[PDB]
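In the block that follows, a single chain appears as structure tokens, in the form deposited in one PDB entry.
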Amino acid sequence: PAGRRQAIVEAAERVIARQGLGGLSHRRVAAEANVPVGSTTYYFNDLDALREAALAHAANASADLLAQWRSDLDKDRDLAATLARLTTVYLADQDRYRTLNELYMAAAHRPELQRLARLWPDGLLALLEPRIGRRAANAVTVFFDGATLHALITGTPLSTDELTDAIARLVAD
């Protein structure tokens, strides 16, 4: 039922992650979801709608991560460590971060996506400001962005240790 479209949309995220936004096709997603190819035609108006849903799913998924980030950050007082740990998790889900990055690029010239693209980074900033202050919040989100870019380019994310050091240095004071 609605679990069907769900399976299809998650597969499209997996295909977008593996093949890029332009590498998404009905045939690919149907195989990634393991459903008969026609069935991807039933739940979406066209290929572009399937893309939209995939990016939207990754954007709203990521925003609900904030809840759990907020809880973990509020538990203890070693903020840099906790942030480094949480970032390691984020950069562990390669499918999710790639797709989000595809969103960031896509939104650059498709204003129908600017709202979605802003969800996670707007949320992260807001989460961080009252907890570490504006500049630190700024520097940390920027460093986070860098971390994703380096995981993107080299295939391996910075270690939890490498992250703690850098984040520690950005939040200190």
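Between two forms, the rigid core is the largest collection of C-alphas that superpose within 1.5 Å. Positions refer to the first chain, counted from 1. What changes on going to the form deposited in another entry:
Once both forms are fitted on their rigid core, the CA atom of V9 lies 2 Å or more apart between these two forms. For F143, the Cα coordinates differ by under 2 angstroms between these two forms after the core has been superposed. Relative to the superposed core, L24 undergoes a Cα shift of 2 Å or more between these two forms.
Give me the form deposited in another entry now, not the form deposited in one PDB entry.
Next up is only this chain, free of partner chains and other molecules.
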């Protein structure tokens, strides 16, 4: 299909993000992906495997973003401003990160979603801890978790300047 299967994994991601894990059905995914049901059943008779597929696709996207953050943080050479920017870009990219966001929030009370979620907090820590210490590293990721949830809740993100200022206070000393 040149990627009918890949559209079904990408739909299933959004599905699971919106309805949860035990809220996966072939009908929904076909709807979600705009493909015939038979394509879904043919490629993923077993829904557990569609679940695995959908979580791995998110996990890949998560770790992929993190590596990009890694690349940017070495090169740029200024910490607060870089992190401020990277966060801003992310807060703005509502398309295609909704899901990672839908899942990360859900994981808050859903152990089965935490292996996927912990990649963010663990990954950020590995990135920052060497550069700023672990107390600072933890405090910053705490703030970022807040920045996203707070932005979504209130409907307005912190500006880059506001982010930069708060990061700088958290990393100072």
